[PDB]
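Next up is one chain by itself, shown in structure tokens, the form deposited in one PDB entry.
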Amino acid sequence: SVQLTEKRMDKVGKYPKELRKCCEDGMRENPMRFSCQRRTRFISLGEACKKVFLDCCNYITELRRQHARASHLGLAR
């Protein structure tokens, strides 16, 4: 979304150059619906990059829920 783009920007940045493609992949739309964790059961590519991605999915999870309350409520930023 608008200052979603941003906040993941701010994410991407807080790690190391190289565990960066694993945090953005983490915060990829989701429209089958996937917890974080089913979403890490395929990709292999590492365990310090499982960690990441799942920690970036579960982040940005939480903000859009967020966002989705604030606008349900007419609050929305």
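Positions refer to the first chain, counted from 1. Basically, rigid core = biggest C-alpha set you can superpose within 1.5 Å across the two forms. Compared with the form deposited in another entry:
- Once both forms are fitted on their rigid core, the CA atom of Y15 lies 2 Å or more apart between the two forms.
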Second form
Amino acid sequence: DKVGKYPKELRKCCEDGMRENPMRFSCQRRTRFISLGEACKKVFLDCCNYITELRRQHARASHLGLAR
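Structure of the form deposited in another entry, given the form deposited in one PDB entry:
Shown below: the chain alone.
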């Protein structure tokens, strides 16, 4: 389609996966603070993994002056 139109609940789980992480807790850890639904958790992990690796790549790039 793709009208993923993930339900609004799961959009929020993804969004929370994408918050800044100054305490440097792992995606998996943040999932243990509160007991989430299976669907929310999956979505939280996928988003959190995505942004974690995206910021690492961005930080690699900046250090090499290939960006920032």
